[PDB]
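Peer 1: Using the sequences and the hints given, assemble the complete structure.
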Amino acid sequence: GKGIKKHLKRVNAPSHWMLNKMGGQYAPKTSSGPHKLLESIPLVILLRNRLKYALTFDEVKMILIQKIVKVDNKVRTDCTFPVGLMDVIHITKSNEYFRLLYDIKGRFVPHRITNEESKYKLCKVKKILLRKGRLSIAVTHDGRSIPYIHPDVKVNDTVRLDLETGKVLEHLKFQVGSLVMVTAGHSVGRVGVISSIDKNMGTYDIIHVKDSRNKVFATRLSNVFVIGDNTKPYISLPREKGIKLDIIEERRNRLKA
Amino acid sequence: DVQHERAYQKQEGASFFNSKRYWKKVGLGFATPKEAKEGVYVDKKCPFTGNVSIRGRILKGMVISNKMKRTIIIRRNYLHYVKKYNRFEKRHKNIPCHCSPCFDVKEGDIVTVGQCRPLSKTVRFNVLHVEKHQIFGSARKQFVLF
Amino acid sequence: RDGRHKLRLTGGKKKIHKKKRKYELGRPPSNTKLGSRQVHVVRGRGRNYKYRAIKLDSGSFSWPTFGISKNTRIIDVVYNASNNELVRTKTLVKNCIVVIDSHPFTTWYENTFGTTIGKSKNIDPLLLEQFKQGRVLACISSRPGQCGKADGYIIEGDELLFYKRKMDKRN
RNA sequence: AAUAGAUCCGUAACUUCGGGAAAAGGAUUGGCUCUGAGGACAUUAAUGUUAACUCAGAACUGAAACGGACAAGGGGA
RNA sequence: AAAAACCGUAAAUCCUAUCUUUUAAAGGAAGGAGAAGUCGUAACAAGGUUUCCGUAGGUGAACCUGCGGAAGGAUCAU
RNA sequence: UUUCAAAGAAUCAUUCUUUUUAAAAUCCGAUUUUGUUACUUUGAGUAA
RNA sequence: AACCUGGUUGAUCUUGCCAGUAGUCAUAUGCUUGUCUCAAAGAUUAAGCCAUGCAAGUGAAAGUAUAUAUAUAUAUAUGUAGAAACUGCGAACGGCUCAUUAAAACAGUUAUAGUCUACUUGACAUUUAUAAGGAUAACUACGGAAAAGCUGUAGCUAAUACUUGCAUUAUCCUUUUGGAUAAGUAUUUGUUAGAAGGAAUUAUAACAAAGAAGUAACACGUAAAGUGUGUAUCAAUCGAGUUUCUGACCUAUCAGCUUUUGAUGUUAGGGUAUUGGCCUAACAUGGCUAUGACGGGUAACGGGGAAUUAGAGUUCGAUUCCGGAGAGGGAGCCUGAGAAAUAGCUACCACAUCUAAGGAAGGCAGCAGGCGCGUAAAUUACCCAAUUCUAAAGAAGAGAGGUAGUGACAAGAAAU
Numbered sequence: 002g003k004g005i006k007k008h009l010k011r012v013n014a015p016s017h018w019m020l021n022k023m024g025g026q027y028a029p030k031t032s033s034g035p036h037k038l039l040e041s042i043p044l045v046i047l048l049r050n051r052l053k054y055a056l057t058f059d060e061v062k063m064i065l066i067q068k069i070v071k072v073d074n075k076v077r078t079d080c081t082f083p084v085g086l087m088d089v090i091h092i093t094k095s096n097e098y099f100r101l102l103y104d105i106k107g108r109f110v111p112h113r114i115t116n117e118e119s120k121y122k123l124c125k126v127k128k129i130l131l132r133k134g135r136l137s138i139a140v141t142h143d144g145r146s147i148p149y150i151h152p153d154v155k156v157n158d159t160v161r162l163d164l165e166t167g168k169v170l171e172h173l174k175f176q177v178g179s180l181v182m183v184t185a186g187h188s189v190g191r192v193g194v195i196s197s198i199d200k201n202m203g204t205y206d207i208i209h210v211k212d213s214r215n216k217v218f219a220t221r222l223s224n225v226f227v228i229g230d231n232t233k234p235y236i237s238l239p240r241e242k243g244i245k246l247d248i249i250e251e252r253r254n255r256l257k258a
Numbered sequence: 006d007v008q009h010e011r012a013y014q015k016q017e018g019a020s021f022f023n024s025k036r037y038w039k040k041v042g043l044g045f046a047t048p049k050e051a052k053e054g055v056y057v058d059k060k061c062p063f064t065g066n067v068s069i070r071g072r073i074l075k076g077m078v079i080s081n082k083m084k085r086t087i088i089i090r091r092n093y094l095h096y097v098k099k100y101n102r103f104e105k106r107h108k109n110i111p112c113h114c115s116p117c118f119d120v121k122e123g124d125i126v127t128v129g130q131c132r133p134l135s136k137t138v139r140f141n142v143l144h145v146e147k148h149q150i151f152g153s154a155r156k157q158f159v160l161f
Numbered sequence: 005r006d007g008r009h010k011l012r013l014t015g016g017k018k019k020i021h022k023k024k025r026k027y028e029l030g031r032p033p034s035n036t037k038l039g040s041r042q043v044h045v046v047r048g049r050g051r052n053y054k055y056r057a058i059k060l061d062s063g064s065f066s067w068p069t070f071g072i073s074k075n076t077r078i079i080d081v082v083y084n085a086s087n088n089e090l091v092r093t094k095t096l097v098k099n100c101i102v103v104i105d106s107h108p109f110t111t112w113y114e115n116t117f118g119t120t162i163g164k165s166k167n168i169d170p171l172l173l174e175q176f177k178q179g180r181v182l183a184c185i186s187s188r189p190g191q192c193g194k195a196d197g198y199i200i201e202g203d204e205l206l207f208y209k210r211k212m213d216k217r218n
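Protein chains in written order, with the entry's author numbering: chain SF, 2 to 258; chain SV, 6 to 25, 36 to 161; chain SL, 5 to 120, 162 to 213, 216 to 218.
Since the hints were made in silico from the structure, they are not lab data.
List of simulated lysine-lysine pairs, DSSO-like, C-alpha gap at most 30 Å:
1. SV/60 - SV/136
2. SL/94 - SV/15
3. SL/26 - SF/30
4. SL/18 - SV/136
5. SF/71 - SF/94
6. SL/23 - SF/6
7. SF/53 - SF/94
8. SV/39 - SF/128
9. SV/75 - SV/98
10. SL/22 - SF/6
11. SF/122 - SF/155
12. SL/22 - SF/7
13. SF/75 - SF/242
14. SF/127 - SV/39
15. SV/49 - SV/121
16. SF/6 - SF/71
17. SL/54 - SF/3
18. SL/98 - SV/15
19. SF/127 - SF/71
20. SF/71 - SF/122
21. SL/59 - SV/15
22. SF/155 - SV/40
23. SL/10 - SF/3
24. SF/106 - SF/200
25. SV/75 - SV/147
26. SV/15 - SV/40
27. SF/211 - SF/174
28. SV/15 - SV/49
29. SF/133 - SL/54
30. SL/37 - SL/177
31. SL/22 - SF/10
32. SF/128 - SV/40
33. SV/108 - SL/17
34. SF/7 - SL/26
35. SL/22 - SF/3
36. SV/25 - SL/166
Peer 2: Here's what the structure looks like:
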């Protein structure tokens, strides 16, 4: 037959997974989740090759059996949960919160997060639809549908959704003074203010982003993430702080130890 | 005067009785001709009157044979490069494109065409803009930069 | 059954491989006629059941002039732009012409406006005389072999002029 | 003795390129009930008056048979 | 439900013609190689009739003649 | 064959950067747009 | 590492080829083999035939339990468990091979404003109830044939299998609140208006109609109210199907092809999940072509790749992976979301097995091995310990796969 495929070869493991060539034959194909397979990783990989909590897949299963891992302040049990672009994952046995961030080098990395700021996740809505009786709903990259949004919120804005009540708090728009992340660009991991946009008739629209070192780059409109306005990046960025570090002077920094 | 087939062209969705013809702004940067907006033709597969909606890509070409009814043939001259000898070389492919009666087509004229949903066995395109280009010799032979 | 096994654009013939995959399908034809109401259900692709009507008697029908609909039953089939066999065999298709009763519509008119929303539309004498006869024309619009039921809109104006002129410089 | 009528499909070696050739070799063929096309004539684009049998298609039906007798090439190397 | 028809999908067998690939075949007619065989002087010199070409005819064979050419000739030249 | 050129700082004697010089819409003497394409520079989409 | 030498001759200079030379992740083969690491391995021809053994099932809070056993206070209530069984779900993944395939596939690059979409996740619904009806397995009892994934009557009983079926929400006037009012989700048809996209016959609202499938009659236990199973829609997800554009081996001793049997298009319809000559009827006479079509060959699966490089290039690409096709070779078909599936079925031929002769069942181009072919290719080993899959998802399977075995295919380190 020609049904939906159910395996991924180890060589065909996605780019940012960073899995060894000889360590077996197959990598897990994430079950249908809230985020795309090409841009999210399973919790098994996340806690194995980064957290290093266990040494075998079955040990990871035994960990997952206890209702200790939590996503968006609620319980999850299936070993194939892609964490997604932005979220919060909580572990109560150690009372530690992790939040998924990127690197200027193009990967996924967990970031230690305190309890107060661990209750806030930022979601970029992807679609705006109208339902029966004039109620407007927003569909997010998070695979989450938020009904009854403000008339203020537009398509590309980002929304301060609370984890527990499942309700909006505030909106953040996309002026030339709004901090935006790049999701899957070849220059992924750069934090900038965006100098301006460039809308093209019936095609992709290219937006220019400016950095803290006056570097200017361009990116497709599809894969941007409103993270905060000119005041500050609202959430805690990783150690690299989202500024991309040039190769030669990066080698200089590495050499100078 | 407008229907002569063994049927009637309905002009779907145009309404007849309540209100206060139908035409669409198509978008893309092209304009609806006054001829199309004040004509009397009725069609189902017309880009500016029918249920189609232009999406996909945009091509440009020459007219070759307008003898059919409501269908014309478009060839796409261009240049193809060869990596071995490092010299460009000519290569072409034609493509059957539908035409709306609002546009007068003549052999050799430059026509712009847009992609539309499969409309016939191998006709998947609809003409949008036509400019008068005279010809000398044979339309088949004649080649242009477009 | 859909997409192979025929000549090409240029005029040649393509060699055949790729043994017929099921999703091409091409279900056998269904022919719906006039009689007692009886329908079947077909296991369409994706478990989407499809209603195949084999014998239809009644359904919905609409005045476009007043924008209304009333249930009734068809009487006879008299014309279709398609092949003459489908009208000589008393079957139903998407864009056929058939004959309907007038009594339900006349009763609605009497109960609403009197005399034998946006009222006061002045109607038309040509349809008035046909109503007086009591059996009228109507064009089906839905696909009976797809929806399992019939629906059409009564014909008015120059459309009926063209239909009737082809019907009956006339045989 | 074998068909042989008519329509349709297809038709080789050779050749003086004109033919061979109806090559060879096949398919259809009744009855009843219908559909379409093929003209002339007169009124201020439209409505009327009126005539052949000729083809193409369709269902239905019969003990699967229908150039039902009469009439009529056996082909090939 | 067996059973039956219908348009339809169409397996499989045979006939007919064509195409593609190997192979038989009495004899005929070529080429090559072989070995000191047989017949001649054809060609390389003015090769003992300058050579060669195109074409028609003839001879045992190399060849010859007729017609129109070329010098790659045996002449760069009263 | 259809816009040429001129002018100024910074290494060593040179190179290099920068300003304007027609007409037509845009702004109350200044604020600024004036073919297509091949081509070429850049970018983004770029599976492992 | 941007390389030349012997050979025409009495000797010489040339054009020119033969030969020398080195590589192959390119095979076979001859000799020889003191170590270790690492590991290609019945593609070449026979997608030829196969003995045999296996290769896909599924139960730890949670459908169903007098097959069945135990343990607690005293036949009372609970439990702990449970083969056989009905049902759910997968079995349509994987693995293997390359015969067909020459604008078909494949790759890059779109569109789907022309569709569908299992599991999961997130929002969330419309026209007897102190708990409703039968219909049956395992089993018990009589059998039968040689035999197999064989089966009759009798009795039964269940379930989250099958099937009937138990409020109420929203809106307007005086204006917290009194009154009045409306009651269909998809899907289909007819008539109007009309947050986004670039453009809607978009979202949606109103009216006239039809009308599915439901909204819990199902089981367990967490905060010092929860979960499981299952149900309507929307969206995403894991995808698939059509589809635009650009791109290829040799050959003209293949120059005109296609069009009664759809060729090209228009109109209308059937059909499909959507669109379309996909198909039907009518009408039109059209479409491709020395920029090499139609044809023929390919000891031709396509691609990123491999061999060689001064740089250009030429040659191999079955082969770790992506995509395509296939399971003897055509044809057909049920179930199922998803198969035209082959360790699912049906029919033909060619094979071939068992046969009490009446009749049954078959596909190793899956992991091993046999025959045949050829120069040519490894054990009928161990285990799911690593990866990852399936399900009622910790405790069970997994010839996917890892290890072991044979191994001078190649590669690297280094004694005598």
